[PDB]
Amino acid sequence: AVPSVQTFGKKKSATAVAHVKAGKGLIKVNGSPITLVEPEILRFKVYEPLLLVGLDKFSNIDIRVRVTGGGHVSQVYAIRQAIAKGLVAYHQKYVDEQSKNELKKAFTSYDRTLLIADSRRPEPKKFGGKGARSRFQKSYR
Amino acid sequence: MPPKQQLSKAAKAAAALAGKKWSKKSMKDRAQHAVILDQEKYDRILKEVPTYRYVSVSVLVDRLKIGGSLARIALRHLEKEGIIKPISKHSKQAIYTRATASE
Amino acid sequence: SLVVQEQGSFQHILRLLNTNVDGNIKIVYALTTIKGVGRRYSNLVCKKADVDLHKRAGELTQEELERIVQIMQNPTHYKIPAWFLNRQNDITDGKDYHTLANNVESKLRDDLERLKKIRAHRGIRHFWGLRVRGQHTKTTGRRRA
Amino acid sequence: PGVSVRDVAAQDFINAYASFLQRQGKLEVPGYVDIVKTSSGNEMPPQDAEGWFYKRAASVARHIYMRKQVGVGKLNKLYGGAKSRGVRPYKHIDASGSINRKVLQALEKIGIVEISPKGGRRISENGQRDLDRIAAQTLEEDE
Amino acid sequence: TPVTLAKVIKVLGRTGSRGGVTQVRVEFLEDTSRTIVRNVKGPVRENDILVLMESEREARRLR
Amino acid sequence: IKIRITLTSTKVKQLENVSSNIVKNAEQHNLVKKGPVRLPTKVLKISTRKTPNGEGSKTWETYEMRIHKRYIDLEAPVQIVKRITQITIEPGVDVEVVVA
Amino acid sequence: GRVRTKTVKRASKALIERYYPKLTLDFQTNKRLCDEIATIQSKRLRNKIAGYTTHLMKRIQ
Amino acid sequence: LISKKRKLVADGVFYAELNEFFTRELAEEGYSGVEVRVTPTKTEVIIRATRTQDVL
Amino acid sequence: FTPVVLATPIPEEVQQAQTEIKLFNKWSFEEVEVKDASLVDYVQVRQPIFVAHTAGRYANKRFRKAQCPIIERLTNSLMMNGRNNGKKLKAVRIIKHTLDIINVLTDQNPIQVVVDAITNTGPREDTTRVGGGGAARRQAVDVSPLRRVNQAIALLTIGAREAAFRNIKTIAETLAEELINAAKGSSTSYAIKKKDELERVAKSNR
RNA sequence: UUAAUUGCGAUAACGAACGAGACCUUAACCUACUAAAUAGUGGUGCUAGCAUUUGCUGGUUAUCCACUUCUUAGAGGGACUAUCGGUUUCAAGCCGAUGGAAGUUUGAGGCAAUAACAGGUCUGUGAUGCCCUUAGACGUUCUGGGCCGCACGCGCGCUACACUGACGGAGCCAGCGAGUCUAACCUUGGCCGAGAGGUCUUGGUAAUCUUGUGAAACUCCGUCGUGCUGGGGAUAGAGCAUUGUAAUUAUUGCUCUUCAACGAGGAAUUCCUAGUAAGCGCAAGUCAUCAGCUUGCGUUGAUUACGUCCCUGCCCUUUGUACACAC
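Chains as they are written, first to last, in the deposited numbering: chain SF, 3 to 143; chain SK, 1 to 19, 25 to 108; chain SH, 2 to 146; chain SI, 2 to 144; chain SL, 5 to 67; chain SJ, 20 to 119; chain SG, 2 to 62; chain SA, 4 to 59; chain SB, 20 to 225.
Read the hints as simulated data drawn from the structure, not as lab findings. Note that the Cβ used here is the ideal one computed from N, Cα and C, for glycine as well.
In silico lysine to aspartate or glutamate, EDC-like type, Cα no more than 16 Å apart, as pairs:
no., chain 1, residue 1, chain 2, residue 2
1, SF, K30, SI, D8
2, SF, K127, SJ, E80
3, SK, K70, SK, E53
To give an idea of the interface, some chain SF residues facing chain SB are shown, with a C-beta separation under 7 Å as derived from the structure:
no., residue
4, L28
5, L44
6, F46
7, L53
8, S61
Far from chain SB by the CB rule (all over 12 Å, computed), these chain SK residues:
no., residue
9, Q5
10, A10
11, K25
12, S28
13, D34
14, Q44
15, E45
16, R49
17, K52
18, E53
Input sequences plus hints: build the corresponding full structure.
Structural data, given as structure tokens:
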């Protein structure tokens, strides 16, 4: 019966479910520690929520996120958005607003899609070409 | 639509009988690269590579003219000796610098 | 620290199986220039005869050279699988053969002549010098003669 | 903390296992795994040779723990690569079943994995015990 | 090469047959209050500063 | 006596009508039940060319079947299988009653 | 562009010439008012008419 | 038992067959429409024509 | 400083980067300036970003591409020649290695060196095509500074990749060397030679 | 002024009608109503290990409780360019900033007006007029060939011309869909096999089993090295099986072996403005067997345009015609 919040995270096709709840600072993703997400380069991208505002907010709660769908970079963007939205959900549900508003302002100042799902989605393709807009080669004579 | 001028049998045969290019080959001659680490290629490596501020496989093959394979064990030996300090480690590229007296 | 300097053990040119093979390359891939032997067979022979897979070709000693030589000469008595021969179930003899640099061309000419003599369709096509295996020559093949 | 393979780095786990069974030498090598291709899409036989079978066994022993139950067909599907069918484009081709089956029989004999219902196989009690035990040393090795 | 940094205030319009050249009226901050008409190849908006090599090179409508 | 009624058809409005009528009929008395579960829509695609022969542009269409499935579960004594069996079937709508 | 179609223009002027006491300067309330009174088949159509009437109210105030 | 998609396809083919064969047969009567309502027990097929005395 | 190691073990460099600005974890985003003010408002130095791989819609508007990070612009521009499409992780890894070269040689901030080279090899005067009407005659036209940035970055990318083509030297090291030469003003850089040639063409057809 | 005969306007015109528009589908948003063991989520039991602590990773329907945030619609709401600063006969409309899931009619499709083509089709139609034949028939059927045949010339595409690479290991994530009851389909698990595959079994008429289709492009470790080399396996010889009554002109797959041209492609020419191009793979179509094709889907995902009629073309008005099958 411990208070908790849940949210979603999507980039283009990946859904990440979050279970942000009070804890001692558990941070692992998919049951695996945050140090293992996949890129060894974009590793800092999922860290940015940890660093933009500070680890004190993460100290009093914990995040359990399960992501499914998409692939690789879409995956990591999905967990990034999911953890950001879960933290902000616990912020506006069980946390003082004076920190939540400043946190949201900093998040939006850094990048808009932290709390907003990306609007770019795949579109149907058309006949006469491999791609949606690129048509097949047509030669005269 | 004007009719197509059908070629005669002999004309078609002559046109198809004819049915031969070349290559510029502007690349320079192959660079003779050593495949065995000899004593003379050992002593120069031990002597002069502390001078370079930037050490890498490409630099080593370009200047000391040894095989790229032997280059890797050479850098490993230098790393074990501590004469160079690494900066970034990767399978496709290794970044080493001279061991300066500072830091 | 694995740095070695021999005063001299490297042979510039070796004479395995009537071919002029140079050095400066790995011994595992040195047996690719011999006709009838490729990369996989070379690696298989190297790992079967424990010839230090990660080693160059020129500075190869004569004992292991002779070992490589006789394992070219015959693979059968050394429990090699029958899957690795180019003349499986030979027509003339019946024992699987692995005809080699001086033998692959002779055997190819031999069965080509057999097909020509039996007046086979494949033999007559090969004699004509043309596609023999279900190939559309309407648009394929222009720089031949 | 708990120190489990889910909390263990994948490559560190693989190297630690490749050291561990290579050192102990109790895996039942079938003896024929030295020249096979392990896939029709592959081009070269194994290069490591000595540690190849042990690397494969470590990988699978990781895989059954990560999943619930995984069969030889699923393992073949995941191991198989894209075959260069000459001028024709690439396509996904399943790996070799015999070597993988010998690997699963090897863990069956050793005691890492046992039989499981609903198809596939599931990690054994001793298998999970050793999987979580090796995590300890492979963590304080880098700690 | 004597350069002159000059900031634009009014794009006249797109000139040229292919429409790759845009006319603009531009002046320079250093000793301002005198302006010249220049032609820009790339996309130019207001309050954009450009490096002119030339000073007495009043241009003309392109074709 | 577990009675399940599976409803299948293209007409979504007709399916909603039948499902609502069945839900009201089962709500009559008590007959505890679960309401409408929404299965994913099974769009069936058939790709054809406009021109019967080879002349013309390479025009294609994808004709679509839009079938809907909505099954309702019921659990009660032998009364329910006689007071629900009455058939409210309309054109285009298919029902299947399965026991146990 | 965003040029209003003559049909929505006629609907908007008919609304303006008849329901001035009903029409207000707030978009949502007069959109609901159009929902009640004007029998429009499609939500996008009636919403476009409501927006046009709001613009006309702002202009002719 | 036939799958749901194939059963619906077969029902559509049934309707098309009935429509075509009625357009072929009920010519002089001006066949206008058919309803193929199905009830598991008894299937009912209703017909509309302008001279139903000739249908009967 | 915050030494908090809450629950899951987290490397100290993470808190080190969290303390100050994004820093790229190695390269101080501050202490980076720009050249003459004509090139400002198109090479930003006031928006630190952790990783040089993003998914922004920089092409939605005319000047949304101007707000794209300069190092991100280099990462994107390196991604061409067909088969090298995608693999932005590989691209940004190559740029990270390039920044390593830039720090190793003539020690300076890699972003500052990149900005200096971008400003240095900027075509300040380019010709345009004009309809012949009897004879093909060109005309000399000034260029936008965003256009100058585009030409500069394209020149570096193509010149470095062509130098690295069919060569033992890696793309990262070759492009870092080309960047260092362009920043230093040496005439050996392909971008510098092409910029000088375009300048001479434009001055000739005055 | 608009993409629009789209509107404001003026005005021998008025009322109008088709089209565009309008309309429908799909792609995103909903902590809002309905929920759902053919999807789950959190807790309660058995419960494996580590920790020993309270906790972590898990599995397990007749072991239960709560819920729909995530998975799916049903009915609905929402974006109408809303607010602001402007520009604007200052009317339509247009330019920038804000909130914003969504601001070029939000993106893309479906339908798509009059009139015409001597455009394609009697080789889709038991829909066909006329002409030809009707009993060694141009009907049907059987056997073998043929559509693949080879001096060559062209158009759609695939593979590469290597280090941003090639090869071997490992981490390795999706969507569209499809599937057999008297036909024999997807196949799961075990076993026998390098592999191709074979056998014994498992589930499925379908969110329930294939399937989370654990796909590739990717990422990280190693080998190679600027050599037509470890890129290329095109052309070829031998053997092993599957599909097929019937594989010879090899259907196809599998193992070895030969490793040819290609070192960036001139005259000229094709597609494209953002989940776009491009790179990569997957499902389906024909299918006893056979994708380098097509129809759709998914993954990584640039740069450059925010303009024009200079080339190729299109719409309206004026003018000239000796054009009318109309240059």
